[PDB]
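Trainee: The lines below spell out each chain.
Number of protein chains: 4
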Amino acid sequence: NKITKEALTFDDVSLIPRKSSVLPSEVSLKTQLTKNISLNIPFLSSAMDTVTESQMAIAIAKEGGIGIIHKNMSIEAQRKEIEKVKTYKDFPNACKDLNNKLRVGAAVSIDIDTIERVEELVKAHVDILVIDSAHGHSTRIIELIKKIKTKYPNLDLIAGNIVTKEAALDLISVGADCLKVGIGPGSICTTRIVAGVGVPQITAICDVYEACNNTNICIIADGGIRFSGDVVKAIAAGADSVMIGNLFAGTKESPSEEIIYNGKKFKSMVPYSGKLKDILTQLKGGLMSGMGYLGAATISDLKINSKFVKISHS
Amino acid sequence: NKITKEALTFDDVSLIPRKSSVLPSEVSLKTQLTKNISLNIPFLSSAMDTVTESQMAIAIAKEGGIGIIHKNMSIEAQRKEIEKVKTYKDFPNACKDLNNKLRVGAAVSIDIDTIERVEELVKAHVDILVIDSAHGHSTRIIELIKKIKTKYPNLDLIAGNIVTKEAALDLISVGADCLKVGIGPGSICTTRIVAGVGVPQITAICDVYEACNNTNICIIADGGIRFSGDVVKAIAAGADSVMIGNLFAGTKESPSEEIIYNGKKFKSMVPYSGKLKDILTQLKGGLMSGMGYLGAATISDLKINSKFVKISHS
Amino acid sequence: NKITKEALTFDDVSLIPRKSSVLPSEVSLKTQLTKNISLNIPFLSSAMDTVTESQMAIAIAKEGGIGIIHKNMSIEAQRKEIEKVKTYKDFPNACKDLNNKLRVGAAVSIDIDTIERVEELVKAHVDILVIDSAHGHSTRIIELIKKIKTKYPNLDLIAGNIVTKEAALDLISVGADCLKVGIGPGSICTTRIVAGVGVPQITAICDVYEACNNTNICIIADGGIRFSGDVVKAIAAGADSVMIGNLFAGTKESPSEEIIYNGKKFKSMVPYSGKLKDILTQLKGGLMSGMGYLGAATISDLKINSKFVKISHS
Amino acid sequence: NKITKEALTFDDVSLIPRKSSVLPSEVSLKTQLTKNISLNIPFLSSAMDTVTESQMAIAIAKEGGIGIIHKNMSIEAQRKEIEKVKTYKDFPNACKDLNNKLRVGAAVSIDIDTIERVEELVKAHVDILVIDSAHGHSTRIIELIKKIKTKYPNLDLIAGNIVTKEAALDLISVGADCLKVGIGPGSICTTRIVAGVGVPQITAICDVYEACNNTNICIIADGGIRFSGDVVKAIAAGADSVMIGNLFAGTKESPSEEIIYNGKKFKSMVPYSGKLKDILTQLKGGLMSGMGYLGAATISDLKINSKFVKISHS
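Residue numbers (the deposited numbering), protein chains in the order written: chain A, 3 to 91, 130 to 308, 345 to 390; chain B, 3 to 91, 130 to 308, 345 to 390; chain C, 3 to 91, 130 to 308, 345 to 390; chain D, 3 to 91, 130 to 308, 345 to 390.
Mixed in with the good hints, there may be bad ones.
Stated by the list, open to error - Derived, one-sided and incomplete: chain B residues facing chain C with beta-carbon distance under 10 Å: (1) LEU10; (2) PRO19; (3) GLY362.
Keep in mind that the hints were calculated from the coordinates and are not lab data.
The beta-carbon is built from N, C-alpha and C at its ideal position, and this holds for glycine as well.
All chains, full assembly: derive it from the sequences and hints.
Mentor: Structure (structure tokens):
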């Protein structure tokens, strides 16, 4: 069967209201990044050199999520960034480790000095590592996870991007603690255009979720988040958290520099968004509203007691 | 089954002509708001602070429909507005109460002084009350209906916005006299965007209708009416009446103020539409034409003897 | 079953090539308007006051089709127009009656003097009459056909616009010689917008055709023709001929007046198209090409030996 | 069954990642044009007078593909062009014949002197011939193949454009060595617009492929290639190679002349693309990336071990 099935994106679907007993304000946004690391808000900042470095990591950890420092920098640079976050100086939801230090992660891809990079990152006391690949379901990435897990047994791992059930089983089999889902979710995406490859996000999430169900392996929904409603759908589909890049690129904390163009403000050029905190408030508000609509008091309820209708567009 | 089914909006559907015996001019637009209150034309003006106050209420009641005064005002203000309508000074279709006073309704939402608001509204002799909620299928709204119906047994109630059969059963169970259907009908709608929640209007209407069928509970189709054809489809789907906001926002009677911008006219800014009466004539004309096409002499015939074909767009 | 089925427009479908033995130039465009009146090219000019009067009628009859004089004029005027065509003064395909006079038809709708109008039209020796209604499936139109067929037994009749099998049976039952199919074929169409009524053209044609099959009643596909490819699809769906309005509105022969706007030319304002003959050549060429692709030597072959694939757009 | 099925274009589909063991750089782009002629890269330059003449043919053959000289020129001219390519003077992938001369093909259509044209082309030592027709599934083209194969038994033939299984069987039956697939793939295409004929490319390819499977007859996917991802999908659907026109029209080597418009560069007017070699590098890169995503080391693996999901758009 060449054409296996129809895949759904965020816009091909909508959530059906349910009898509710909770108000958006009584809802809990706590979730799991891994079985060992929880988050206070289900958001992660992308490992893009355009969105996450020490300032973004600190800002979002103080809000309850976690930032993943990008790998497009020297090994020394990446270590220092981790240390900046870890040695930081009200924020009720701040996410800290058992040593009261702000949480933070770092991305790494296959290179000649990956092991060397990881070693330095672990010395900086990074909380979690992201094996960053465009195609996580590969023999090279599988072997890379094995090596890292043998050399650093207690280092939590989020394994490369996948969109299938078979990929989830393989990565889990070698110790992946969390699976990051997301490959060619949109027609405008580079993988879809260049390689003609990819699977719509809702189907992607539902697929790996319908595989990792009953297990203690978490799921991160990475990419394509345009609105708070997308976060709601991503979690209802089965994600434990969501990784965001674009929507944060214009914030003050992004690695970019602030530019004032004829009375207007930008980051360089994307329009200024203000403190990350403001965008996050907007996003958690929408998530809470959505949970109110579905009668979910926790993230876990949103994932199990939720149903969609297919949108014939128009 | 996560993805329960495909939902239809107004544009995903079209009505199939039927053998007709009546001319658009011989058709009756009479319908029911509740089992105790009928209307001469199946239209209601939205409880939006941008469309319905005393002037809109009077204008549409004189035409045969009913206006619902918005709640974004003091309790004293809302009472006075009701009195203005009720103490008003040819219009053959005017809709009046047994005391020959123009019909009028008022919206109320959950607040610290809802009961207090209702008391004053009932003193003003309001004909019907709208429990205004974005999510009517909630324990708080259900309890609110119980309280209001115990304190004011003869006050007709339209209960919060719903899009499901289960919600219809719950609200009906506590005395709702009419159900207002409408939640995230369009992708551009705030609930769909912010909360990722919502169900296309035709499916929404068909769903609660296919539940309240055989009962004496009426249905109001609220929101998304862009053209007269949408009204026809809404009723054919099962609605007894339709609530309109946007299309009336530019009329003279809307709470807005008239503004003349360089030779053009506006309401503030939406383009001027003229007397509500003119827009209504356009809307009832289209409804009559549609009923002529389906051989329906009454609103009731439009709802039972009507079928759609699904539009594959294009 | 409220939502009976999915209906198809011209764009939701495409024709599948077949083994061909004929060249576009060896193909025959001859078809039937009624069992008694044939045409040399399967085209009719719309009974719109913006496209068909004596000049359009003459021009298209000289090409092999037939024009239908619109009814938006006095009874005396409409009679004279018929006479102008009938008393006209190389064109190998010219379509003439047994008396060597150019063919021509006239539209008539329900009015106080329809019978009176017809009488004068019949005196002018009109070849065929069009009972022009937006909803042909009505008791009034059915009775009108009965009356006309009793008072003028040999007058060929095309009966009002329909889109259903039941309508086809009723109109046929009272003597309709040809059925004109076409109601709310497009979302932008006035009936779809105003009355929320209508059925996509391909399904409409297929539907009445799959009813009038095996009978001697012909089918005219009226409206929505934008390209020559639409004509091909319309006939493959089951039409014997196609009625065109818009595409002819800009021709020299249309009732409009020629206007020169800053070096450009128009009809009043639609852009000038030139002699009808030129547009017709373009349209018959495309039809012939399409028949070549399907191995159809005649119109009849195009209708029976033809299959479509559904276009999922994109 | 008038409406046989739903057909898919490039955009209605996306490829599903698979467990991979190969890196894009370790992949082999070698493929077959016919059982007797292989190519080093699965690309052909269109037989359009706007893209392929001696310069385009040389450029792409030096890269590993083959150019097909267009037929819109005198027989003498077309012969000379072949000779220029065949007598050409690092490029590791160059595609040459057993005599170390650059490969090249030539298009021919039904005319009064087709046989005469072929004779001269064969004297020029053309490697393969393209029977160029808009509708290859015709008795005239079938007879033309028979004649050419009797007069030139060792001349490899690519037979006219088809989109069906029945056409593939007929052309194969008279000696076609390769089948070129492609007719009205897009709604904007001239055949779809003018003749209302055509079948989406993915379904077209899958259809003839699911017929020529298990045979030694190759398939060329001709037309509609906008991005490298389209090439990947075309091959995964069953094509052995892909014919490209538009994307090459702006290259330096195209028959066009270079024009500098106010600081910008063009070909005449389409924007300059630079050396074909650069566009090809972009296209083979995307193909390799796509093969990496599917774990295909060869073109053959891409065709057999590949699956798509249907894109509900949005």
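Trainee: Any CB of chain C closer than 10 Å to the CB of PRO19 of chain B?
Mentor: 6 Å, holds
Trainee: Going by Cβ atoms only, is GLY362 of chain B closer than 10 Å to chain C?
Mentor: 4 Å, holds
Trainee: Does the interface hint hold: is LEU10 of chain B within less than 10 Å of chain C, judged Cβ to Cβ?
Mentor: This interface hint holds because 7 Å falls under the 10 Å limit.
The structure shown violates none of the earlier numbered hints.
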